[PDB]
Amino acid sequence: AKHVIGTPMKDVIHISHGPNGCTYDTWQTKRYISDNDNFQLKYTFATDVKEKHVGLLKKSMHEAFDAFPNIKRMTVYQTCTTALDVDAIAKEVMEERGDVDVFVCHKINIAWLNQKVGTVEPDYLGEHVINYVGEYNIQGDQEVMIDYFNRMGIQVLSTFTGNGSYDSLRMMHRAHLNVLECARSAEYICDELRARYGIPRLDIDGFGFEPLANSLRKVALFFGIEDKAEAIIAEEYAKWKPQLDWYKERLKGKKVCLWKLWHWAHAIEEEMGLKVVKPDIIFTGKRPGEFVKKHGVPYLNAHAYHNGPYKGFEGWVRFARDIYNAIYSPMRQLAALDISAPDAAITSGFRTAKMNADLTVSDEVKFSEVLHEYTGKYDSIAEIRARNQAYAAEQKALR
Amino acid sequence: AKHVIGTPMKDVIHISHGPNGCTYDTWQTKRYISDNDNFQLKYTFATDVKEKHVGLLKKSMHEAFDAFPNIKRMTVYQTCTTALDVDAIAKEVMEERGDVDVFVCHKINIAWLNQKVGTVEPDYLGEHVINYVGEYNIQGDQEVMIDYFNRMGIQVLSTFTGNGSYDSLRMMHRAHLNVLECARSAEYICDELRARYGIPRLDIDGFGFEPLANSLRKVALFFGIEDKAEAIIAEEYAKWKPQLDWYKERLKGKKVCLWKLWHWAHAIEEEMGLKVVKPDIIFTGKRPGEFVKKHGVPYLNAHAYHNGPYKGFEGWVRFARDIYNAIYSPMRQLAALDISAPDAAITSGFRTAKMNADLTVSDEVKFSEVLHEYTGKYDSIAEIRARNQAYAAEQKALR
Amino acid sequence: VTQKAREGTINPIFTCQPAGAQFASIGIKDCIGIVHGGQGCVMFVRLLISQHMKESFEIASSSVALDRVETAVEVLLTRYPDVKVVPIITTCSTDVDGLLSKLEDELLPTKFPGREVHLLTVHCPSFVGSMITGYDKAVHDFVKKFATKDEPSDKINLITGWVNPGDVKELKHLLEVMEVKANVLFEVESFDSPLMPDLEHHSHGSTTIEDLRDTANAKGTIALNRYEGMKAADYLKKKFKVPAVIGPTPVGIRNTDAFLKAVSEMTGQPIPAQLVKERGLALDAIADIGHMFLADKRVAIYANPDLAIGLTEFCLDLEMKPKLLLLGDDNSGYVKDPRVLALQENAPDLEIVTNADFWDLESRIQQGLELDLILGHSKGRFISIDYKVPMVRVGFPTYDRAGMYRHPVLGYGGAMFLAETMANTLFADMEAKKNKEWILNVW
Amino acid sequence: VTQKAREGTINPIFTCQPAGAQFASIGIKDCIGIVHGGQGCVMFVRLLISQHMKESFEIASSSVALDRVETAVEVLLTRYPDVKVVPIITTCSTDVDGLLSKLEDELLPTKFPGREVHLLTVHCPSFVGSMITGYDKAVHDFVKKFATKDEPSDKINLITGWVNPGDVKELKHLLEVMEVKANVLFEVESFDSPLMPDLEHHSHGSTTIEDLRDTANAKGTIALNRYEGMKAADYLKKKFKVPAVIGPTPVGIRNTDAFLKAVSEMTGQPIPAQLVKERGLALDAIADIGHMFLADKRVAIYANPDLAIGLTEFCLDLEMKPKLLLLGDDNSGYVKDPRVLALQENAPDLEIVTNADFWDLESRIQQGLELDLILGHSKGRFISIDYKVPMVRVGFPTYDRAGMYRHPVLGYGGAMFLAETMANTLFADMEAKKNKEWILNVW
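Chains as they are written, first to last, in my numbering: chain H, 1 to 399; chain L, 1 to 399; chain S, 1 to 443; chain U, 1 to 443.
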């Protein structure tokens, strides 16, 4: 809850009523980024309960507000130690400051809906309004999908919760549709939003070219704007398909071990040619990845990505390039070589990943003037984020 | 010539008609800085004479102008190899470009005066105009003295040559007075300026508190503005004398070996308490300094300074602090200790230079509430340079 | 000395004691510790160690429960036929000693006949001290569990404290030149494991049960860190009469000299001329940069307490100006520390904050504290990034620079590495800000 | 391959041949070379070596002139009673061989009876070639002067090329692990001298006259650099039938493997498992950063030619994208180099500029070449400073970073140091520009 769902909120002080060690362990371990200068990644607040405490919470709440005068939203989490009256303390703090709001936190969904949803009203409501639910903005995924929605002329009322604001998530109850990215984290939010306000839910997939195109087409079909989705799909296909197919030709038949397992498995086999099952690559977390590194198998981080975002068409191409770079590394073949063998295949000079990968393709593929390698900057979110902030400015002037 | 006098010119392409190895050897070895982004320190131009040449000069002259379109001034130096018609080539280059001027290089003084001096005419001439001659702006010395002159209401027509421009040095014949910083390098310039235009000469000293104050007083006496010099001297004394005396109390009786020998020697003994003569510090160049480093003796660079500028009252305090830091380093006493000796004076913890220096002073000095350590930024020229560029802007508006 | 006047924490500098206990345990050969708490605690501690070293280490969990401990021990011993030391570490929500007594009589003799298995407890409450206290109590608990009187030995005990593999490599080089054999606690050089062609090799600790047993028979104990190993040294002195020397942490030239003098006094071994030449090499490198670039540089330092204090002392010897020293836990021994008293006496411009968090540094910078350099670990990286103060990565964890664990901060090689790294960080900052960057030619 | 289309030079990458001759000479024990030119030539070469190493070296001058050379030799032998090798180096404006013949019969036998003094000439015109060719011709001249046939030896000749003391330390470590004795040309580890308590120790070279004499009796010669030592190896092969292996420069894992294979073939010594373990440590460090940060990084490289080519090959192995390779002199052997041919064949986006200056890089950046990293020495630092491209300091001279001479760029330790240094330079740039700097947590 605190470590996955609550934290991606960008303009909130998340203070844990408990010891420092729990607040420390989850700090700077995630990649939920935001356009609020990553405030949710840079600062972490604990009440610092000591043995004597087993007054303090009220004072720590005031201290955090004082240190960060531009933050007016607070979420107080109760840890294991403090289970042995936070609500009243929060009311007193709100009364004394007078311009701040405090939230006392599956469970985080019930808590937010029964406490915060419905208390704020949007000033402007577009023709087509959605709630993006279950997205937590790993390396810029939320901003990728917002760009896709903006180019469709769709206003995203709120994202739950990645790069999301407190007030938007309180305004969540006035959307025309809910689009659900992750269900295992935010099913109840959508079910109860439908139960209380009759807001339809549309499950979508943001990974791949066909799953994402179909998701965009369903979203457009709901709003009767199918032509905009078709134009987006055609443009993104023309831009990124030759680059993706360049890697798909060199990744046909490679094996991946998965330790984002069904959001990925079918699209990986269909669009990258990989066989999901010694594997050629393992998709896992950082510590298991470092474990399997000792076995000569590369890994891509399945939780935080490597060179993300992996969402969108360009993100899919970045994912393919990451796979291809890990699999076809010349250092991989150098590490598997035993130089102490009496007849060891010791060479000099260099090799490239392209040299290794082109041994697997045919001459027609190898000399294609259509397929080319990925042509994108190291940070692909800077241009998407600048586009997103320009659409917000343009939409604000029209209003 | 090409290495000491000509190069400090900030807006000139100094192209050497000769091999690359001579141009390389003196590049990035000096600390003549300028407000033209150190163009004279960043770029060096050679004709690159090869064995075949033992046409190319014209092409390399054109190439340099092409690569640096904002530079319209060139100085061509003949090296040893090219002794075995630069003037004609320079004329044809000027004719073809049409908006550039080329200068064909004790010797460089005669060459500049007999060709370039007297051509350009000053746009504005103030009440009090000087030529600052013999200053080459090591670590910002010229900017220090310009600040002192600006606060006196004196316009510096040109500096020869440190942080000096080509056109200003061509305007050298319309100054009311010439002030001499170095004579061994620029005696002839001012002798012949007096011979041709009757411009009086005033030898000055920029180092120390008494020599610099007397220099300022002489300059003011020439222009009848003695009160401005007195105000400058009083303000700078009140600001920097307690800080200088803090170091002078801790440097009384220390010995310095000189390997800037007479522009320094008397003011060092008088104002810092040092005895110029194992020495406690050696003033020398970088390579001899590294030689004597092996003997347990610190050095301050006598040519390029250490933490310069050493000119001005604040520069004198910076010089004193550099001396005191080198002499009283705890590392100096740690390095002289032989830890393999049976009864070695091995300690733990720390020492400071202040702890070592305070063992030499009396209790009245040690607990003075007047003397304090130097209070100045690492780069002291940034504020002086900003003041200089503000006075130039203000003088533009009035004109 | 400043004590934090805020009750809450913003951006803690240390984690909880169980994490320090687990880090102490992973330095022992054939030791896999079971943490009697949530699986998330072990997951985050393993992630933190993986962040520091980029290596996976084996730590087990009980998934809370006295009987769950029994099942966890059974499962661990079944699934790891090489583990010999099985420490049980308690946590927030958590009589494991009597349960272990029953286990060694019922489960081990029956299910694992002939298998050498040692069970011990490390009680680590998470709201009393910090990971420093946890490491100290874990080292004490291991030494207490294993130390046994035997035939006298010519070795000394070197309790290094919570240090990097590069620090251990440097310390062992110094001991080898001095011709001194030691029971090094702990041998963490094997944390850096190779990427082998055929046979996989995983990260592990190299301290054996024999070393911990033989700690009782040493000539003496040198505990480099007063807060990370003084408890074990005091236990050894109190029970087996092993004389103990506490500190100094050999950060810099002078403290390394004092460390070598302590070794020479313990062992009777003279300081040789090779150490004189290595110390001289470090001093020559330091003389190249000292009064040209290091003097008068304003420094903020936070690290493990002993390392932070030693770094402050080394910076003061280098003619730098330490402005802020952050000690990130509530230890009451800091005020009576003679090194801290000396810092108060002869470095009056240095503020020492105990029980500090990163907000102490960040708010002091906000209110106008001008700094040229920071010495600290990677959890404070965003202060450096956002306020444009260069930082040299020291301590645990340093996850935003590559391979910092392989370099020493102790010894003469550590002094040289520290001084040159501080100089190079300053040089890169001078170039980034174009602050007299032309001066890096003829120094 | 690009050849510079400008006749003039802007910002040369190398100095003249006499400087390279003097640098080769200062690596010999009891050698003080007299430069038959201006005082300023020797002053600037000594200043350049002092910039690189921060150490003073003894090089003599004749000040200009055969009688001047004779007087200079007399004065040098009077004022230095330890010098044995006295090479005379010619320069721009300069029968030193005939005079030297006369001197060895008239001056040395009479004025210095019983003193072992060797006089040789190194002719180094400054309008042909560069400091690389000057170093090559100086090494050839020393080997030619001293090599003498004797009883056969089990040693090999390792002509390292113009390398750093850290490179020599790494190469000697590799040879010692492989159990190979060598005549190392040159032993420059003593360039780094200590700051001793009482006695003064000055920087010098450790290559003796005995090593240069014994080069004729070796099993074989391995010249790491084709442009900095192939002439001496070819002379040895042509005169004394000493088999010569030219290259590869052991930059990176693969080239170090090829170097160790060449050593094993020359000597018959097997490659041991310790080198396997050290290579694996380097490979594990490289695997931590390779496809996360190093892949697809756009790199410009300039250095000494062999080092620059090897760095390009290592970067290509690391999945980086070398864009520009600058070879700063007019050598005609670059086009026929099989390494350069391989770079043309399989690195298609790499432009190789021969006879280049720093304006090649700077103008290519001006016209739109986007780079993430530069590998080059300190004379090109202002391109990095002004165009905001991070640079890793490699080669000669590196005077704007502290102690770069003490780290290897050769061997597996050199490969690890290079990869981690490029990673850390990129990390510091990412933090300075705030370019995905949050990503440096859980890599």
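Calculated from the structure, these hints are not laboratory results.
Treat the hints loosely; a few may be bogus.
[What the hints assert, rightly or not] List of simulated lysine to any residue pairs, SDA-like, C-alpha gap at most 25 Å:
{"hint": "1", "chain 1": "S", "residue 1": "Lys433", "chain 2": "U", "residue 2": "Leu440"}
{"hint": "2", "chain 1": "H", "residue 1": "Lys248", "chain 2": "U", "residue 2": "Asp296"}
{"hint": "3", "chain 1": "U", "residue 1": "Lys277", "chain 2": "H", "residue 2": "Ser340"}
{"hint": "4", "chain 1": "L", "residue 1": "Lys59", "chain 2": "U", "residue 2": "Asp330"}
{"hint": "5", "chain 1": "S", "residue 1": "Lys4", "chain 2": "H", "residue 2": "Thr82"}
{"hint": "6", "chain 1": "H", "residue 1": "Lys254", "chain 2": "U", "residue 2": "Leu440"}
{"hint": "7", "chain 1": "L", "residue 1": "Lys59", "chain 2": "L", "residue 2": "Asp85"}
{"hint": "8", "chain 1": "H", "residue 1": "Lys50", "chain 2": "S", "residue 2": "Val1"}
{"hint": "9", "chain 1": "U", "residue 1": "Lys145", "chain 2": "U", "residue 2": "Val75"}
{"hint": "10", "chain 1": "L", "residue 1": "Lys2", "chain 2": "U", "residue 2": "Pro272"}
{"hint": "11", "chain 1": "S", "residue 1": "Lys169", "chain 2": "U", "residue 2": "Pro272"}
{"hint": "12", "chain 1": "S", "residue 1": "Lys172", "chain 2": "L", "residue 2": "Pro342"}
{"hint": "13", "chain 1": "S", "residue 1": "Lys169", "chain 2": "L", "residue 2": "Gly349"}
{"hint": "14", "chain 1": "U", "residue 1": "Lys388", "chain 2": "U", "residue 2": "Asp97"}
{"hint": "15", "chain 1": "L", "residue 1": "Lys260", "chain 2": "L", "residue 2": "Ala304"}
{"hint": "16", "chain 1": "U", "residue 1": "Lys388", "chain 2": "S", "residue 2": "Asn441"}
{"hint": "17", "chain 1": "L", "residue 1": "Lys377", "chain 2": "S", "residue 2": "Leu350"}
{"hint": "18", "chain 1": "S", "residue 1": "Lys321", "chain 2": "L", "residue 2": "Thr347"}
{"hint": "19", "chain 1": "H", "residue 1": "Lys59", "chain 2": "S", "residue 2": "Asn441"}
{"hint": "20", "chain 1": "L", "residue 1": "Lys239", "chain 2": "S", "residue 2": "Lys297"}
{"hint": "21", "chain 1": "S", "residue 1": "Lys388", "chain 2": "U", "residue 2": "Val442"}
{"hint": "22", "chain 1": "H", "residue 1": "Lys58", "chain 2": "S", "residue 2": "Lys4"}
How the hints compare with the structure:
Between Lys433 of chain S and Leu440 of chain U the CA atoms are separated by roughly 22 Å; this keeps the pair inside 25 Å, and the hint holds. Simply put, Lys248 of chain H and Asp296 of chain U have alpha-carbon atoms about 18 Å apart, close enough for the 25 Å limit, and the pair holds. Note on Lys277 of chain U and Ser340 of chain H: the hinted pairing holds, with a Cα-Cα distance of about 10 Å set against a maximum of 25 Å. A C-alpha spacing of about 19 Å is found between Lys59 of chain L and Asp330 of chain U, which places the hinted pair at or below 25 Å, so the restraint holds.
With a C-alpha separation of about 22 Å, the suggested pairing of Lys4 of chain S with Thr82 of chain H holds against the 25 Å cut-off. Using a Cα cut-off of 25 Å, the hinted pair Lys254 of chain H and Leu440 of chain U is violated, with the two alpha carbons roughly 29 Å apart. At most 25 Å may separate the alpha-carbon atoms for a hinted pair to count; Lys59 of chain L and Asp85 of chain L meet this at roughly 14 Å. At roughly 21 Å between alpha-carbon atoms, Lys50 of chain H and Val1 of chain S fall within 25 Å of each other, so this suggested pair holds.
For the proposed pair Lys145 of chain U and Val75 of chain U, the alpha carbon gap of about 23 Å is at most 25 Å, so the pair holds. Between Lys2 of chain L and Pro272 of chain U, the direct Cα distance comes to roughly 57 Å. Violation of the 25 Å bound is thereby established for this hinted pair. Of the pairs offered as hints, the one joining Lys169 of chain S and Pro272 of chain U holds, with about 22 Å between alpha carbons and a cut-off of 25 Å not exceeded. The hinted pair formed by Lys172 of chain S and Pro342 of chain L meets the criterion: a straight-line CA distance of about 23 Å does not exceed 25 Å.
Restraint check: the Cα-Cα separation between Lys169 of chain S and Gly349 of chain L comes to about 23 Å, which is no more than 25 Å; the hinted pair holds. At most 25 Å may separate the alpha-carbon atoms for a hinted pair to count; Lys388 of chain U and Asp97 of chain U exceed this at roughly 51 Å. Taken as a hint, the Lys260 of chain L and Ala304 of chain L pair is honoured in the structure, with Cα atoms around 11 Å apart against an allowance of 25 Å. A C-alpha spacing of about 19 Å is found between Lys388 of chain U and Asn441 of chain S, which places the hinted pair at or below 25 Å, so the restraint holds.
Between the alpha carbons of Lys377 of chain L and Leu350 of chain S the distance comes to roughly 19 Å, so the proposed pair stays at or under 25 Å and holds. Taking the CA atoms of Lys321 of chain S and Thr347 of chain L, the gap is near 21 Å; set against the 25 Å cutoff, the hint holds. This hinted pair does not check out: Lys59 of chain H and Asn441 of chain S have alpha carbons roughly 54 Å apart, beyond 25 Å. As the CA atoms of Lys239 of chain L and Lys297 of chain S are separated by approximately 23 Å, the hinted pair is consistent with the 25 Å bound.
For the hint linking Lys388 of chain S to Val442 of chain U, the alpha-carbon distance of about 23 Å falls within 25 Å, and the restraint holds. For the proposed pair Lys58 of chain H and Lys4 of chain S, the alpha carbon gap of about 17 Å is at most 25 Å, so the pair holds.
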